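In the block that follows, a single chain appears as C-alpha coordinates, in the form deposited in one PDB entry.
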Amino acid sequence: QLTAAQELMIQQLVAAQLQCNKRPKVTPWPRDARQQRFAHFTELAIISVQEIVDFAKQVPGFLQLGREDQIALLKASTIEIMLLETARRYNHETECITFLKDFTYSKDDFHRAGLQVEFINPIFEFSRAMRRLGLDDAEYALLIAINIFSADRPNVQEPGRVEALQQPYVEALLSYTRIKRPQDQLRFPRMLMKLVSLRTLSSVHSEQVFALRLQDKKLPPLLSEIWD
(Lines of atoms letter the chains of each structure in order from A and count residues from 1; the text may use other names and numbers.)
(Lines give C-alpha, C1' and ligand atoms only; values in the text may rest on other atoms or scores of the structure.)
Protein backbone atom coordinates (compact mmCIF):
# COMPACT_ATOMS: atom_id res chain seq x y z
CA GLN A 1 0.00 0.00 0.00
CA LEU A 2 1.45 3.45 -0.79
CA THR A 3 -0.24 5.56 1.58
CA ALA A 4 -1.53 8.84 0.23
CA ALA A 5 0.97 10.48 2.51
CA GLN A 6 3.86 8.54 0.86
CA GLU A 7 2.63 8.94 -2.70
CA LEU A 8 2.41 12.73 -2.12
CA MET A 9 5.78 12.82 -0.36
CA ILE A 10 7.55 11.07 -3.20
CA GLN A 11 5.96 13.45 -5.75
CA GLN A 12 7.24 16.35 -3.70
CA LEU A 13 10.73 14.77 -3.58
CA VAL A 14 10.84 14.06 -7.35
CA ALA A 15 9.51 17.51 -8.19
CA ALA A 16 11.92 19.26 -5.80
CA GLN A 17 14.73 17.26 -7.49
CA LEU A 18 13.60 18.15 -11.04
CA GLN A 19 13.13 21.84 -9.99
CA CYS A 20 16.72 21.75 -8.80
CA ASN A 21 18.22 20.58 -12.07
CA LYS A 22 16.42 23.00 -14.46
CA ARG A 23 17.63 25.92 -12.36
CA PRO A 24 25.44 29.20 -18.91
CA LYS A 25 27.92 31.30 -16.88
CA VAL A 26 30.38 28.38 -16.35
CA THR A 27 33.89 28.59 -17.80
CA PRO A 28 33.36 26.85 -21.15
CA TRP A 29 34.74 23.31 -21.62
CA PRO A 30 37.99 23.58 -23.68
CA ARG A 31 48.61 24.57 -19.25
CA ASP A 32 45.56 26.74 -19.76
CA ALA A 33 43.04 24.20 -20.93
CA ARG A 34 43.85 21.72 -18.19
CA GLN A 35 43.30 24.55 -15.78
CA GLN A 36 40.14 25.51 -17.75
CA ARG A 37 38.95 21.98 -17.16
CA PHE A 38 39.87 21.92 -13.50
CA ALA A 39 38.03 25.25 -12.98
CA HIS A 40 35.18 23.85 -15.06
CA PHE A 41 34.77 21.01 -12.55
CA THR A 42 35.24 23.34 -9.61
CA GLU A 43 32.29 25.30 -10.75
CA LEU A 44 30.38 22.08 -11.48
CA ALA A 45 30.83 21.21 -7.77
CA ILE A 46 29.96 24.72 -6.66
CA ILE A 47 26.59 24.60 -8.40
CA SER A 48 26.11 21.07 -7.20
CA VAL A 49 26.49 22.20 -3.49
CA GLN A 50 23.82 24.88 -4.04
CA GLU A 51 21.43 22.42 -5.75
CA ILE A 52 21.87 20.11 -2.73
CA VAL A 53 21.20 22.93 -0.33
CA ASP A 54 18.01 23.76 -2.27
CA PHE A 55 16.85 20.16 -2.54
CA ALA A 56 17.30 19.80 1.21
CA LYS A 57 15.34 22.80 2.28
CA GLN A 58 12.43 21.04 0.46
CA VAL A 59 12.70 17.73 2.31
CA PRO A 60 9.78 17.64 4.79
CA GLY A 61 11.18 17.83 8.17
CA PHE A 62 14.53 19.49 7.29
CA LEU A 63 13.71 23.14 8.00
CA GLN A 64 12.23 22.03 11.31
CA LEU A 65 15.69 21.06 12.63
CA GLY A 66 17.86 23.51 14.52
CA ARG A 67 19.91 25.68 12.11
CA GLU A 68 23.15 24.27 13.50
CA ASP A 69 22.10 20.70 12.77
CA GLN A 70 20.85 21.61 9.34
CA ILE A 71 24.37 22.92 8.52
CA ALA A 72 26.03 19.95 10.25
CA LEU A 73 23.89 17.53 8.19
CA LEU A 74 24.74 19.23 4.91
CA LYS A 75 28.48 19.52 5.73
CA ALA A 76 28.68 15.78 6.38
CA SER A 77 26.54 14.66 3.46
CA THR A 78 27.32 16.94 0.47
CA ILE A 79 30.09 14.65 -0.84
CA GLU A 80 27.86 11.51 -0.35
CA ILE A 81 24.97 13.35 -2.06
CA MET A 82 27.40 14.37 -4.94
CA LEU A 83 28.43 10.79 -5.35
CA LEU A 84 24.83 9.49 -5.42
CA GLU A 85 23.76 12.15 -7.93
CA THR A 86 26.66 11.35 -10.20
CA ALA A 87 25.67 7.62 -10.09
CA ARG A 88 22.23 8.89 -10.99
CA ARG A 89 23.64 10.69 -14.10
CA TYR A 90 25.97 7.89 -15.03
CA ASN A 91 25.04 6.61 -18.50
CA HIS A 92 26.16 3.00 -18.60
CA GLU A 93 26.17 2.76 -22.38
CA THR A 94 28.31 5.71 -23.38
CA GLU A 95 30.07 4.86 -20.11
CA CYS A 96 29.70 8.69 -19.46
CA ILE A 97 28.56 11.02 -16.55
CA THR A 98 26.14 13.80 -17.52
CA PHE A 99 26.37 17.08 -15.49
CA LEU A 100 23.88 19.94 -15.89
CA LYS A 101 21.63 17.59 -18.03
CA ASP A 102 23.58 18.11 -21.29
CA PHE A 103 27.39 18.09 -20.66
CA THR A 104 28.94 14.60 -20.89
CA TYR A 105 32.16 13.48 -19.19
CA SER A 106 34.22 10.29 -19.35
CA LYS A 107 37.08 9.03 -17.21
CA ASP A 108 39.41 10.59 -19.66
CA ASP A 109 37.90 14.10 -19.42
CA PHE A 110 38.55 13.88 -15.62
CA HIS A 111 42.15 12.69 -16.01
CA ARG A 112 42.67 15.63 -18.31
CA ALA A 113 41.58 18.33 -15.80
CA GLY A 114 44.50 16.82 -13.96
CA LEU A 115 42.39 14.74 -11.58
CA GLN A 116 43.36 12.05 -9.02
CA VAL A 117 42.86 8.64 -10.87
CA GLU A 118 42.92 7.03 -7.43
CA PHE A 119 39.62 8.85 -6.73
CA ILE A 120 38.12 8.78 -10.26
CA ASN A 121 38.11 5.07 -10.43
CA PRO A 122 36.14 4.66 -7.15
CA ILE A 123 33.67 7.18 -8.45
CA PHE A 124 33.20 5.08 -11.58
CA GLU A 125 33.28 1.83 -9.68
CA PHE A 126 30.40 3.24 -7.50
CA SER A 127 28.34 4.39 -10.52
CA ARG A 128 28.43 0.94 -12.14
CA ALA A 129 27.43 -0.82 -8.93
CA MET A 130 24.46 1.54 -8.56
CA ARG A 131 23.50 0.83 -12.24
CA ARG A 132 23.03 -2.89 -11.47
CA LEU A 133 20.45 -1.83 -8.82
CA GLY A 134 18.19 -0.08 -11.38
CA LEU A 135 17.13 2.76 -9.10
CA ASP A 136 14.59 5.23 -10.35
CA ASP A 137 14.31 8.89 -9.50
CA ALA A 138 12.04 8.30 -6.49
CA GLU A 139 14.49 5.76 -5.07
CA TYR A 140 17.46 8.28 -5.41
CA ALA A 141 15.33 11.10 -4.06
CA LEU A 142 14.44 8.91 -1.08
CA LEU A 143 17.94 7.50 -0.66
CA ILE A 144 19.30 11.12 -0.59
CA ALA A 145 16.79 12.21 2.20
CA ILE A 146 17.65 9.19 4.23
CA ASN A 147 21.25 10.17 3.75
CA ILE A 148 20.52 13.75 4.89
CA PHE A 149 19.04 12.52 8.16
CA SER A 150 22.00 10.63 9.66
CA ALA A 151 21.98 11.10 13.45
CA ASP A 152 25.65 10.06 13.63
CA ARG A 153 27.33 12.99 11.77
CA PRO A 154 29.73 15.20 13.68
CA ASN A 155 28.14 18.19 15.61
CA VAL A 156 24.59 16.95 15.68
CA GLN A 157 23.06 18.36 18.80
CA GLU A 158 19.65 16.63 18.41
CA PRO A 159 20.47 13.18 16.96
CA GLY A 160 17.23 11.61 18.26
CA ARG A 161 15.23 14.14 16.26
CA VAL A 162 17.38 13.58 13.21
CA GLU A 163 16.78 9.90 13.59
CA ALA A 164 13.04 10.30 13.99
CA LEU A 165 12.90 12.42 10.76
CA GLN A 166 14.79 9.79 8.83
CA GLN A 167 12.18 7.10 9.51
CA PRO A 168 9.46 8.54 7.19
CA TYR A 169 11.84 8.20 4.22
CA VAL A 170 12.97 4.65 5.29
CA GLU A 171 9.22 3.51 5.38
CA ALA A 172 8.47 5.09 2.06
CA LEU A 173 11.52 3.52 0.43
CA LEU A 174 10.53 0.24 2.01
CA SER A 175 7.00 0.43 0.47
CA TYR A 176 8.13 1.77 -2.81
CA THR A 177 10.57 -1.11 -3.38
CA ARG A 178 7.97 -3.75 -2.21
CA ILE A 179 5.55 -2.47 -4.89
CA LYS A 180 8.21 -2.03 -7.53
CA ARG A 181 9.87 -5.43 -7.25
CA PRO A 182 7.64 -7.57 -5.05
CA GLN A 183 9.40 -10.90 -5.96
CA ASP A 184 12.87 -9.60 -4.92
CA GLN A 185 12.99 -8.28 -1.29
CA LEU A 186 16.74 -7.83 -1.13
CA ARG A 187 16.74 -4.73 -3.32
CA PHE A 188 15.75 -2.59 -0.35
CA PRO A 189 18.64 -3.87 1.91
CA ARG A 190 21.05 -3.68 -1.06
CA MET A 191 20.24 0.00 -1.63
CA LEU A 192 20.81 0.83 1.98
CA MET A 193 24.11 -1.12 1.84
CA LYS A 194 25.37 1.35 -0.69
CA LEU A 195 25.04 3.98 1.98
CA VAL A 196 27.68 1.87 3.78
CA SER A 197 30.20 1.86 0.96
CA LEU A 198 29.23 5.39 0.21
CA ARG A 199 30.48 6.41 3.67
CA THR A 200 33.88 4.79 3.03
CA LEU A 201 34.22 6.53 -0.37
CA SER A 202 33.42 9.80 1.25
CA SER A 203 35.92 9.40 4.09
CA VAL A 204 38.71 8.90 1.40
CA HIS A 205 38.21 12.34 -0.17
CA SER A 206 38.76 14.00 3.29
CA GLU A 207 41.54 11.73 4.69
CA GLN A 208 44.16 13.59 6.79
CA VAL A 209 47.86 13.45 5.86
CA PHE A 210 48.51 12.18 9.40
CA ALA A 211 46.07 9.31 9.09
CA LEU A 212 46.78 7.97 5.57
CA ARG A 213 46.35 4.19 5.35
CA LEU A 214 46.21 1.77 2.31
CA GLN A 215 48.50 -1.26 2.82
CA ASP A 216 48.21 -2.59 -0.79
CA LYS A 217 48.37 -6.20 -2.10
CA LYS A 218 50.96 -7.54 0.39
CA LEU A 219 49.36 -9.55 3.22
CA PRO A 220 49.69 -8.62 6.89
CA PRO A 221 52.30 -11.25 8.03
CA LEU A 222 51.19 -11.21 11.68
CA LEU A 223 47.44 -11.60 10.84
CA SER A 224 48.35 -14.34 8.29
CA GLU A 225 50.35 -16.04 11.11
CA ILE A 226 47.22 -15.97 13.30
CA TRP A 227 45.26 -17.36 10.33
CA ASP A 228 46.86 -20.84 10.35
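Throughout, rigid core stands for the largest set of C-alpha atoms superposing within 1.5 Å between the two forms. Residues that one form lacks are left out of the comparison. Positions refer to the first chain, counted from 1. What changes on going to the form deposited in another entry:
Once the cores line up, the CA of residue 18 ends up less than 2 angstroms apart between the two forms. After fitting on the rigid core, only one stretch of 3+ residues whose CA atoms all move by 2 angstroms or more between the two forms is found, at 207-228.
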Second form
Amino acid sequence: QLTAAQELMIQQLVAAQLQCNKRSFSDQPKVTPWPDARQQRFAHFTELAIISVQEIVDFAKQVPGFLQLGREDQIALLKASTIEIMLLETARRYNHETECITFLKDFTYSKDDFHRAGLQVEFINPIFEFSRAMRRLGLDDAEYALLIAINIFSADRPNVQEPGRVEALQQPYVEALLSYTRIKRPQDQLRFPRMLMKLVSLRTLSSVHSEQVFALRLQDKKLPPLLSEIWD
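Now the other one: the form deposited in another entry, given that the block above is the form deposited in one PDB entry.
Shown below: the chain alone.
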Protein backbone atom coordinates (compact mmCIF):
# COMPACT_ATOMS: atom_id res chain seq x y z
CA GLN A 1 0.00 0.00 0.00
CA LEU A 2 1.04 3.66 -0.61
CA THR A 3 2.61 5.56 2.32
CA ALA A 4 0.80 8.80 3.42
CA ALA A 5 4.02 10.73 2.81
CA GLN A 6 4.11 9.25 -0.77
CA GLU A 7 0.42 10.13 -1.41
CA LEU A 8 1.05 13.75 -0.26
CA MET A 9 4.02 14.07 -2.68
CA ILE A 10 1.86 12.68 -5.56
CA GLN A 11 -1.11 14.94 -4.64
CA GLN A 12 1.22 17.95 -4.94
CA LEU A 13 2.42 16.74 -8.40
CA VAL A 14 -1.11 16.30 -9.75
CA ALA A 15 -2.27 19.70 -8.33
CA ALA A 16 0.74 21.49 -9.94
CA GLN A 17 0.09 19.65 -13.29
CA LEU A 18 -3.62 20.71 -13.22
CA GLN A 19 -2.74 24.35 -12.20
CA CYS A 20 -0.09 24.92 -14.91
CA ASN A 21 -2.24 23.36 -17.71
CA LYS A 22 -5.29 25.47 -16.61
CA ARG A 23 -3.15 28.65 -16.53
CA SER A 24 -2.41 28.30 -20.31
CA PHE A 25 -6.06 27.87 -21.52
CA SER A 26 -6.51 31.70 -21.62
CA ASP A 27 -3.72 31.86 -24.27
CA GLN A 28 -5.97 30.12 -26.93
CA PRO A 29 -7.24 33.38 -28.63
CA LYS A 30 -3.81 35.07 -28.17
CA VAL A 31 -1.98 32.58 -30.48
CA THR A 32 -1.69 33.31 -34.22
CA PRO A 33 -4.62 31.55 -35.93
CA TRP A 34 -4.20 28.26 -37.83
CA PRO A 35 -4.96 28.80 -41.59
CA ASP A 36 2.50 30.88 -46.29
CA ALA A 37 -0.01 28.49 -44.78
CA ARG A 38 3.07 26.52 -43.93
CA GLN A 39 4.82 29.55 -42.33
CA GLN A 40 1.66 30.43 -40.36
CA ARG A 41 1.47 26.83 -39.07
CA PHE A 42 5.21 26.97 -38.16
CA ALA A 43 4.71 30.25 -36.24
CA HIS A 44 1.61 28.68 -34.53
CA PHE A 45 3.56 25.60 -33.29
CA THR A 46 6.39 28.03 -32.24
CA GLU A 47 4.03 30.04 -29.98
CA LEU A 48 2.71 26.78 -28.50
CA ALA A 49 6.31 25.74 -27.65
CA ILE A 50 6.93 29.09 -25.93
CA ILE A 51 3.82 28.53 -23.74
CA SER A 52 5.00 24.91 -23.04
CA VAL A 53 8.40 26.27 -21.80
CA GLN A 54 6.42 28.47 -19.31
CA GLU A 55 4.31 25.55 -18.03
CA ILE A 56 7.42 23.38 -17.57
CA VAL A 57 9.29 26.11 -15.59
CA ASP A 58 6.10 26.79 -13.52
CA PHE A 59 5.52 23.01 -12.89
CA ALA A 60 9.17 22.26 -11.98
CA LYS A 61 9.04 25.09 -9.39
CA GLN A 62 6.14 23.25 -7.74
CA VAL A 63 7.98 19.85 -7.72
CA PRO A 64 8.83 18.98 -4.07
CA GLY A 65 12.56 19.46 -3.59
CA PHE A 66 13.32 21.22 -6.92
CA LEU A 67 13.60 24.66 -5.19
CA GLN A 68 16.24 23.34 -2.72
CA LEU A 69 18.83 22.77 -5.49
CA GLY A 70 21.22 25.55 -6.55
CA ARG A 71 19.89 28.13 -9.10
CA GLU A 72 22.53 27.07 -11.71
CA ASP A 73 21.58 23.35 -11.41
CA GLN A 74 17.85 24.22 -11.58
CA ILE A 75 18.32 25.95 -14.99
CA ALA A 76 20.76 23.26 -16.23
CA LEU A 77 18.15 20.56 -15.35
CA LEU A 78 15.34 22.49 -17.05
CA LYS A 79 17.49 23.21 -20.13
CA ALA A 80 18.16 19.56 -20.91
CA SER A 81 14.66 18.23 -19.99
CA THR A 82 12.40 20.78 -21.71
CA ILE A 83 12.39 18.81 -25.03
CA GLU A 84 11.75 15.50 -23.20
CA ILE A 85 8.94 16.88 -20.99
CA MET A 86 7.37 18.47 -24.15
CA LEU A 87 7.44 14.91 -25.67
CA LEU A 88 6.04 13.27 -22.50
CA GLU A 89 3.31 15.92 -22.40
CA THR A 90 2.55 15.43 -26.16
CA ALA A 91 2.03 11.69 -25.45
CA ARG A 92 -0.37 12.44 -22.53
CA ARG A 93 -2.36 14.68 -24.93
CA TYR A 94 -2.48 11.97 -27.67
CA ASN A 95 -5.79 10.22 -28.54
CA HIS A 96 -5.37 6.87 -30.38
CA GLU A 97 -9.01 6.59 -31.56
CA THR A 98 -8.79 9.88 -33.54
CA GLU A 99 -4.95 9.54 -33.80
CA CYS A 100 -4.77 13.27 -32.81
CA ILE A 101 -2.95 15.49 -30.25
CA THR A 102 -4.79 18.09 -28.09
CA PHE A 103 -2.69 21.18 -27.30
CA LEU A 104 -3.99 23.75 -24.71
CA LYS A 105 -7.44 22.02 -24.26
CA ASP A 106 -9.45 22.44 -27.51
CA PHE A 107 -6.75 22.71 -30.24
CA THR A 108 -6.55 19.36 -32.11
CA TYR A 109 -3.71 18.34 -34.52
CA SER A 110 -3.16 15.24 -36.67
CA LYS A 111 0.05 13.73 -38.07
CA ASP A 112 -0.50 15.50 -41.46
CA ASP A 113 -0.92 18.94 -39.77
CA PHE A 114 2.68 18.67 -38.43
CA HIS A 115 3.88 17.48 -41.89
CA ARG A 116 2.07 20.50 -43.49
CA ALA A 117 4.00 22.86 -41.15
CA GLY A 118 7.32 21.91 -42.80
CA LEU A 119 8.44 19.50 -40.10
CA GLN A 120 10.47 16.50 -41.27
CA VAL A 121 9.19 12.90 -41.27
CA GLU A 122 12.50 12.02 -39.53
CA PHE A 123 11.10 13.68 -36.35
CA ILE A 124 7.29 13.63 -36.69
CA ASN A 125 7.27 9.80 -37.18
CA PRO A 126 9.16 9.03 -33.89
CA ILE A 127 6.82 11.53 -32.01
CA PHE A 128 3.71 9.61 -33.05
CA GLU A 129 5.41 6.18 -32.53
CA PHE A 130 6.34 7.35 -28.95
CA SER A 131 2.83 8.68 -28.29
CA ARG A 132 1.32 5.32 -29.45
CA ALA A 133 3.73 3.27 -27.27
CA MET A 134 2.93 5.55 -24.26
CA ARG A 135 -0.86 5.08 -24.95
CA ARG A 136 -0.54 1.26 -24.71
CA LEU A 137 0.95 1.63 -21.18
CA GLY A 138 -2.29 3.31 -20.13
CA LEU A 139 -0.73 5.91 -17.82
CA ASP A 140 -2.90 8.15 -15.66
CA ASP A 141 -2.19 11.82 -14.67
CA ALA A 142 -0.19 10.70 -11.59
CA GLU A 143 2.04 8.31 -13.58
CA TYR A 144 2.98 11.08 -16.08
CA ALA A 145 3.59 13.64 -13.27
CA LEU A 146 5.87 11.08 -11.53
CA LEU A 147 7.73 10.24 -14.80
CA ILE A 148 8.24 13.99 -15.55
CA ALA A 149 9.71 14.50 -11.95
CA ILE A 150 12.06 11.52 -12.46
CA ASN A 151 13.10 13.02 -15.85
CA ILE A 152 13.76 16.54 -14.28
CA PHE A 153 16.00 15.00 -11.60
CA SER A 154 18.57 13.49 -14.01
CA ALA A 155 22.14 13.69 -12.54
CA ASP A 156 23.98 13.05 -15.89
CA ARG A 157 22.78 16.31 -17.51
CA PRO A 158 25.44 18.81 -18.77
CA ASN A 159 26.70 21.60 -16.42
CA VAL A 160 25.25 19.96 -13.24
CA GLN A 161 27.41 20.98 -10.24
CA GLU A 162 25.79 18.82 -7.49
CA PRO A 163 24.87 15.48 -9.21
CA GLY A 164 24.68 13.65 -5.82
CA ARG A 165 21.94 16.01 -4.62
CA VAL A 166 20.03 15.69 -7.96
CA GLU A 167 20.21 11.90 -7.78
CA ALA A 168 19.10 11.76 -4.13
CA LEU A 169 16.06 13.87 -5.07
CA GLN A 170 15.12 11.50 -7.97
CA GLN A 171 15.01 8.52 -5.53
CA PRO A 172 11.64 9.36 -3.81
CA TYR A 173 9.98 9.82 -7.21
CA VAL A 174 11.24 6.41 -8.54
CA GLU A 175 10.13 4.84 -5.18
CA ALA A 176 6.68 6.44 -5.40
CA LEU A 177 6.33 5.23 -9.01
CA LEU A 178 7.38 1.68 -8.01
CA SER A 179 4.69 1.78 -5.17
CA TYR A 180 2.01 3.44 -7.31
CA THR A 181 2.43 0.90 -10.19
CA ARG A 182 2.39 -2.18 -7.88
CA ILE A 183 -1.05 -1.09 -6.46
CA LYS A 184 -2.61 -0.13 -9.87
CA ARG A 185 -1.66 -3.38 -11.71
CA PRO A 186 -0.63 -5.97 -9.06
CA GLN A 187 -0.44 -8.76 -11.65
CA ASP A 188 1.55 -6.91 -14.42
CA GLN A 189 4.91 -5.99 -12.73
CA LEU A 190 6.63 -5.45 -16.09
CA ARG A 191 4.66 -2.18 -16.47
CA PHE A 192 6.96 -0.16 -14.13
CA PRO A 193 10.24 -1.14 -15.98
CA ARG A 194 8.39 -0.51 -19.27
CA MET A 195 7.79 3.09 -18.02
CA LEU A 196 11.38 3.68 -16.99
CA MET A 197 12.48 2.36 -20.44
CA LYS A 198 10.56 5.23 -22.03
CA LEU A 199 13.12 7.55 -20.40
CA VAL A 200 15.72 5.73 -22.61
CA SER A 201 13.52 6.45 -25.71
CA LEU A 202 13.35 10.10 -24.68
CA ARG A 203 17.17 10.36 -24.80
CA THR A 204 17.21 9.25 -28.47
CA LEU A 205 14.24 11.51 -29.33
CA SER A 206 16.10 14.54 -27.92
CA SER A 207 19.19 13.49 -30.01
CA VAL A 208 17.02 13.12 -33.19
CA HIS A 209 15.53 16.58 -32.43
CA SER A 210 19.08 18.14 -32.28
CA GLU A 211 19.82 16.72 -35.80
CA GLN A 212 16.40 18.02 -37.07
CA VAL A 213 17.14 21.45 -35.57
CA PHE A 214 19.42 21.82 -38.71
CA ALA A 215 16.40 21.81 -41.14
CA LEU A 216 15.23 25.03 -39.38
CA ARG A 217 18.38 26.90 -40.54
CA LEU A 218 17.05 26.63 -44.14
CA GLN A 219 13.80 28.65 -43.77
CA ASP A 220 14.10 32.48 -43.83
CA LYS A 221 12.10 33.05 -40.63
CA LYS A 222 14.36 32.57 -37.57
CA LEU A 223 13.22 30.91 -34.27
CA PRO A 224 12.38 33.30 -31.37
CA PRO A 225 15.33 34.01 -29.02
CA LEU A 226 13.93 31.69 -26.26
CA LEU A 227 13.35 28.56 -28.42
CA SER A 228 16.59 29.10 -30.43
CA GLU A 229 18.53 29.12 -27.10
CA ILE A 230 16.98 26.02 -25.36
CA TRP A 231 17.23 23.95 -28.58
CA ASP A 232 20.60 25.36 -29.95
